[PDB]
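Asks: Sequences and hints are given; from them, build the entire structure.
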Amino acid sequence: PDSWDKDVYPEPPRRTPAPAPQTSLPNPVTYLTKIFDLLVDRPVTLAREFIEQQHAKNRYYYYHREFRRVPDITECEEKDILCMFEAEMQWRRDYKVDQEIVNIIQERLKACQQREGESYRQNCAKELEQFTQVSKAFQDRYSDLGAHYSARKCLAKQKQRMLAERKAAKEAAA
Amino acid sequence: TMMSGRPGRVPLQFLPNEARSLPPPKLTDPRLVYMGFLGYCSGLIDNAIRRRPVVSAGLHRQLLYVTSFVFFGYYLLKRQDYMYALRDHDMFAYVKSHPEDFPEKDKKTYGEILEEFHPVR
Ligand SMILES: CCCCCCCCCCCCCCCCCC(=O)OC[C@H](COP(=O)([O-])OCC(O)COP(=O)([O-])OC[C@@H](COC(=O)CCCCCCCCCCCCCCCCC)OC(=O)CCCCCCCCCCCCCCCCC)OC(=O)CCCCCCCCCCCCCCCCC
Ligand SMILES: CCCCCCCCCCCCCCCCC[C@@H](O)O[C@H](CO[C@H](O)CCCCCCCCCCCCCCC)COP(=O)(O)OCC[N+](C)(C)C
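Protein sequences, first through last, are from chains BK and CB. If you read the first sequence in the deposited numbering, its first letter stands for residue 2, the second for the next number, and so on. If you read the second sequence in the deposited numbering, its first letter stands for residue 2, the second for the next number, and so on.
A portion of the hints provided could be inaccurate.
Derived BS3-like pairs (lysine-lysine); straight-line CA-CA distance at most 25 Å [to be verified]:
(1) BK:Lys137 - BK:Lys127
(2) CB:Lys97 - BK:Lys80
(3) BK:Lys111 - BK:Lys7
(4) CB:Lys108 - CB:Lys97
(5) CB:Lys106 - BK:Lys80
(6) BK:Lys80 - CB:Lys79
(7) CB:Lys108 - BK:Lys154
(8) BK:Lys137 - BK:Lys154
(9) BK:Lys154 - CB:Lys79
(10) BK:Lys127 - BK:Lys111
(11) BK:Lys171 - BK:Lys160
(12) BK:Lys160 - CB:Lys108
(13) CB:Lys109 - BK:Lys80
(14) BK:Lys111 - BK:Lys97
(15) CB:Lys27 - CB:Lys79
(16) CB:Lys109 - BK:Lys160
(17) BK:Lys137 - BK:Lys160
(18) BK:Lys154 - CB:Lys109
(19) BK:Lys168 - BK:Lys80
(20) BK:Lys111 - BK:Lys80
(21) BK:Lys7 - BK:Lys97
(22) BK:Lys7 - BK:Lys127
(23) CB:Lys109 - CB:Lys97
(24) BK:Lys168 - BK:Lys154
(25) BK:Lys97 - BK:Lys154
(26) BK:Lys97 - BK:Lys160
(27) BK:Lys97 - BK:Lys137
Okay, the calculated bits of chain BK under chain CB, using three or more residues with CB under 8 Å as the criterion [claimed, not checked]:
(28) 138–148
(29) 156–166
Because the hints were derived from the structure by calculation, they are not lab data. All C-beta atoms in this analysis are idealised placements derived from N, C-alpha and C, irrespective of residue type, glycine included.
Replies: Here it is in structure tokens:
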């Protein structure tokens, strides 16, 4: 279906075995499926055809809002309230986008577990590693900021992390 | 006393001549409307104490209450605005004339400022 992006939400190709009956007994599942298609699928398909015909006569569109990038809290001067406001709003939007990225990866993980079923521990190792990396980065970004989090606090955390990394590299080189 | 004894101050002058250069309060000022509301409340309380019908009796008396309150409120607001403008004038003059006491400071960005991070956990 073109409703969602197959690249963002991958699905492995579906391999369905062909029926290979070994008995002369009729298949109750097949008979009930035929009854279901005759009694439910055709009426709902006709109803949806009518509804979509009604929708096609009044076609109209909605758009995805685009935000241009603005200077961030690193570029903002001290107590420059307008720049701080713009940077904080941009940081909040980016935080929301990152949360939704983590949600997408988790949906991938859940879908792959359910799909692979009894062989999930081996066949879902690729989606587990992506989730591990994404969650590690997201945690390092916004792990323990607090209820009153802000771009200034996140920048202070990043500065602390950078100082720790620099000290570790210097100690290793020593 | 901060502004008592200010140079050029004429004693017992509610509004000096230099106050004429400031914008007078509008007649629809919310503060003036609140003063009129105070006058109306005073009229209602007067009717209540004198045991007249609170809302209906003494329309002339209530109108005089409101008018007197609005009049004194307009002049009071003029004086308040003049005094605050005078305070700002003196503050700006002192800041300008004492640059060594009020120096400009180099503005550093938060990319240069180092702030300690306190995790919430
Ligand atoms: C309206 C909202 C106001 C909000 C607060 C604003 C500030 C205060 C208002 C100014 C003063 C108002 C008058 C006070 C005396 C009232 C006496 C009385 O009976 O009044 C009844 C009177 C009608 O009765 P009446 O036939 O004349 O006489 C019957 C006797 O008085 C019958 O008398 P009685 O013999 O039966 O007397 C017995 C009674 C006597 O009791 C009283 O008289 C109560 C009122 C006096 C107490 C103090 C009032 C507040 C004074 C200022 C203090 C601060 C106020 C704010 C406090 C905030 C925090 C609480 O005592 C008791 O019942 C004792 C038990 C209760 C005691 C404990 C509770 C005390 C509460 C104290 C605080 C009350 C705050 C609100 C007061 C509202 C009053 C209307 O109605 C009014 O006075 C209504 C108010 C005026 C309305 C004008 C409407 C104009 C037209 C529409 C305009 C629309 C808006 C305009 C814009 C354009 C739109 C298109
Ligand atoms: C030339 C012909 C025209 C002349 C025009 C007349 C010039 C003015 C004449 C003034 C009246 C004649 C003298 C009568 C007594 C004067 C009283 C008043 O005018 O004086 C002023 C005084 O004005 C009053 O103080 C302001 C009254 C404000 C009333 C409200 C107070 C604020 C309360 C806060 C809550 C408000 C609630 C709402 C209230 C309704 C300043 O005089 P000043 O010599 O310098 O006082 C010395 C003492 N100080 C320095 C400590 C102050």
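Asks: Decide, hint by hint, whether the structure agrees.
Replies: Taking the hints in turn, this is what the structure says about them:
In summary, the hint linking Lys137 (chain BK) to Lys127 (chain BK) is supported, as the alpha carbons are separated by about 16 Å, within the 25 Å threshold. Only pairs whose Cα atoms come within 25 Å are accepted, and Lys97 (chain CB) paired with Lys80 (chain BK) is accepted, the gap being roughly 22 Å. A C-alpha spacing of about 16 Å is found between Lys111 (chain BK) and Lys7 (chain BK), which places the hinted pair at or below 25 Å, so the restraint holds. Distance restraint check for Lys108 (chain CB) and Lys97 (chain CB): the Cα-Cα separation of roughly 20 Å lies within the 25 Å cut-off, and the hinted pair is therefore satisfied.
Distance check on the hinted pair: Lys106 (chain CB) and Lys80 (chain BK) sit about 12 Å apart at the alpha-carbon level, within 25 Å; holds. For the suggested pair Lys80 (chain BK) and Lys79 (chain CB), the alpha carbons sit about 35 Å apart, so the restraint of at most 25 Å is broken. With a CA separation close to 20 Å, the supplied pair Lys108 (chain CB) and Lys154 (chain BK) stays within the 25 Å bound. Our distance criterion of 25 Å between C-alpha atoms is met by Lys137 (chain BK) and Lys154 (chain BK), whose separation comes to about 19 Å.
At roughly 46 Å between alpha-carbon atoms, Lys154 (chain BK) and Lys79 (chain CB) are farther apart than 25 Å, so this suggested pair is violated. Between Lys127 (chain BK) and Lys111 (chain BK) the alpha-carbon distance is near 12 Å, which keeps this suggested pair within the 25 Å criterion. As the CA atoms of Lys171 (chain BK) and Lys160 (chain BK) are separated by approximately 16 Å, the hinted pair is consistent with the 25 Å bound. Between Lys160 (chain BK) and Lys108 (chain CB), the direct Cα distance comes to roughly 19 Å. Compliance with the 25 Å bound is thereby established for this hinted pair.
In summary, the hint linking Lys109 (chain CB) to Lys80 (chain BK) is supported, as the alpha carbons are separated by about 10 Å, within the 25 Å threshold. Restraint check: the Cα-Cα separation between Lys111 (chain BK) and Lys97 (chain BK) comes to about 21 Å, which is no more than 25 Å; the hinted pair holds. The hinted pair formed by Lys27 (chain CB) and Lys79 (chain CB) meets the criterion: a straight-line CA distance of about 10 Å does not exceed 25 Å. About 16 Å separates the Cα atoms of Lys109 (chain CB) and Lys160 (chain BK), which keeps this hinted pair within 25 Å; it holds.
A C-alpha spacing of about 18 Å is found between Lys137 (chain BK) and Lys160 (chain BK), which places the hinted pair at or below 25 Å, so the restraint holds. A hinted pair counts as satisfied when its Cα atoms are at most 25 Å apart, and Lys154 (chain BK) with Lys109 (chain CB) qualifies at roughly 17 Å. Distance hint between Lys168 (chain BK) and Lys80 (chain BK) is unfulfilled; the C-alpha atoms sit about 30 Å from each other, more than 25 Å. Restraint check for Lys111 (chain BK) and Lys80 (chain BK): the C-alpha separation of about 45 Å exceeds 25 Å, so the hint is violated.
Restraint check for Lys7 (chain BK) and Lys97 (chain BK): satisfied, since their Cα atoms lie roughly 23 Å apart, inside the 25 Å limit. A threshold of 25 Å between alpha carbons decides the hint, and for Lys7 (chain BK) with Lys127 (chain BK) the separation of about 17 Å falls inside it, so the pair holds. Proposed proximity of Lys109 (chain CB) and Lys97 (chain CB) is supported: the alpha carbons are some 24 Å apart, at most 25 Å. Restraint check for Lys168 (chain BK) and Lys154 (chain BK): the C-alpha separation of about 21 Å stays at or below 25 Å, so the hint holds.
Distance restraint check for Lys97 (chain BK) and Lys154 (chain BK): the Cα-Cα separation of roughly 17 Å lies within the 25 Å cut-off, and the hinted pair is therefore satisfied. For the hint pairing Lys97 (chain BK) with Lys160 (chain BK), the CA-to-CA distance comes to about 22 Å; that is within 25 Å, so the pair holds. At roughly 17 Å between alpha-carbon atoms, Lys97 (chain BK) and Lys137 (chain BK) fall within 25 Å of each other, so this suggested pair holds. As drawn, the stretch 138–148 of chain BK meets chain CB at 5 residues by the rule of a beta-carbon pair under 8 Å; at three or more, the given contact holds.
Look at the stretch 156–166 of chain BK against chain CB: 5 of its residues bring a Cβ nearer than 8 Å to a Cβ of that chain, three or more, so the hint holds.
Violated hints for the displayed structure, listed by number in ascending order: 6, 9, 19 and 20.
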